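Quick heads-up: it's one chain on its own, the form deposited in one PDB entry, in structure tokens.
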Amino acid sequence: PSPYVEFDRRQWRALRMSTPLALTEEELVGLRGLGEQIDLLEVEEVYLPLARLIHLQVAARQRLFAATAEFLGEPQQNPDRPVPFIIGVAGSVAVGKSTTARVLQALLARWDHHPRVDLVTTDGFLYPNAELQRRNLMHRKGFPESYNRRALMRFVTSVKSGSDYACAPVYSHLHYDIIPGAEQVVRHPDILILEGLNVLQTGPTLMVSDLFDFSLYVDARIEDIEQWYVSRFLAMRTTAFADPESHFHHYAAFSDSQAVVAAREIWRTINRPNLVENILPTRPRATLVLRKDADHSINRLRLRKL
């Protein structure tokens, strides 16, 4: 007896799902050009249902907002509209957080209840390399203390206060640093998706996850994430690393097998240990845990018992 319902992949296909509202060819196009780490079978059989499951909660938080406002005789100090519904997305580097976020954003924005869905990466809340150097934490990029937690907290709080205007800084993966001066503006969306390694981590006081209405954790076998991590690394040689402006240009010249070495080293000494100390223990805090099998398809969902 546990606090979630479990479905393996069989049981999930095998359910009398209520709604048609299927994917028009206008949508199924935009969808190939952000996934491809995700196939449309997955979008149809897995992510769409999820999006509706989530739609149910956003819709419920919208009705309750209103039922409450009416109950109070909609007083002056109550805001005029529900505040954004914030969804957190967590998991290891290379697990697919980013795609999953992009897909959900796309699907969730299909309903008229909540057409404005924003997306923000916690990447923009890393200290700039300048500062990471100043605090002697370069070797520590991606661990809890490498982020400006205070600013991140300030940001999410600002969003849940019903600001019409909240700013987050941008991180460039190419340049391996915060793009100075660049800012993402978020103007009271209906839903904000916040993605990052750290979104379900546990501060001493208030923490960002305290302002989440729903949170999702992307899980895989640790060997499999290594495999995905390495493949992503190799691939970056010809793309990202190829650029002369890449902090990691000197990785471009690596032969396949030499790059495989380097990758498994960066994995075994930074990314795997981070996952084990800081990310994987946050798995049981998610509303929903999705497990992906060796080749990226979901083979198990855990929804928190409603």
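Residues that one form lacks are left out of the comparison. Numbering follows the first chain given and starts at 1. Rigid core (definition): largest C-alpha set, two forms, superposition within 1.5 Å. What changes on going to the form deposited in another entry:
Note: rigid core superposed between the two forms; among 46, 275, 31, 58, the CA shift is 2 Å or more only at 31. Once the cores line up, the CA of residue 266 ends up less than 2 angstroms apart between the two forms. Once both forms are fitted on their core, a CA shift of 2 Å or more is seen for residue 113 between the two forms. With a cut-off of 2 Å and the rigid core superposed, residue 165 has a Cα displacement that falls short of the cut-off between the two forms. Taking the core as reference, several blocks of three or more adjacent residues between the two forms have all their Cα positions offset by 2 Å or more: 9 to 37, 61 to 81, 112 to 114.
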Second form
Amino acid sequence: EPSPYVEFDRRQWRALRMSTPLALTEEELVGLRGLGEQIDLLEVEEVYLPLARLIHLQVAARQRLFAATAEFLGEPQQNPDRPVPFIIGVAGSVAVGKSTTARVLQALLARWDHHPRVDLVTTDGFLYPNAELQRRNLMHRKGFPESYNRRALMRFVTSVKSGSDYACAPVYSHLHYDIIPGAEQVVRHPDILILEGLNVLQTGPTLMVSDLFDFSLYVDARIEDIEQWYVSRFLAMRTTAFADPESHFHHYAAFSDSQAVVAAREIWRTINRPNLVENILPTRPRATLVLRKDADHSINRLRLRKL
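Counterpart to the form deposited in one PDB entry, namely the form deposited in another entry:
A lone chain is what you will see next.
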């Protein structure tokens, strides 16, 4: 059976590093690593460095493609100080590590030789505000496709990829659990834009951000593991994020281990798990690279799209 995909173990994948230099310190890694994440410099070298080599091979190759369409159209030569931005999507469940994966990726690419402008945007900022979610009866479906302003999202990425000087995204506050009035993240003709969220790989009856991705990753793990990671993070957060009296979820800080486990499981069951099974997982087949994690968070398997 021929296949669009090729499967690697960590042994096979890490050979593909060739001579890519490691440009990240252990301390720098910490600044990027999320609560509960196990990524170390060795995963960076054995997993993220071949990745970064793949990507940089494909950035130049993907530029030929837009150049052919320019040539056809009898369009001028593209300013080499403004190529067409390479767009990278990163997807997966809540709690699977995908935001760290994306932050690490950004760090690695920014440190490539010619110092590319590499911006990172999460879909959080494109959530409808709570007052608007409440209007729509969606206050308990944050993360589902319909809880996002997908039109604004598509506009944002279309703007950036189509060469705009600047494009703006709104900004979400996890502390306050809402969009921040007046806050903008401004992206200015970067060379690479990484877009990370749950359903960014979705497809449908209109052109969507996934149709603009030049490359995508999906961070995968067994569902039962993800839940464990999610519950455990929730318990840990009683003394980090929920401890802040300003935090929308401050009431959780004083939950017993057992009360906390019960609350987190209920949130997993009613929100995150269904969103995962119904919307996120069905996008996995399309990702250029699936990063498969074991129960201990360690990436030991990879699936690349060769077609």
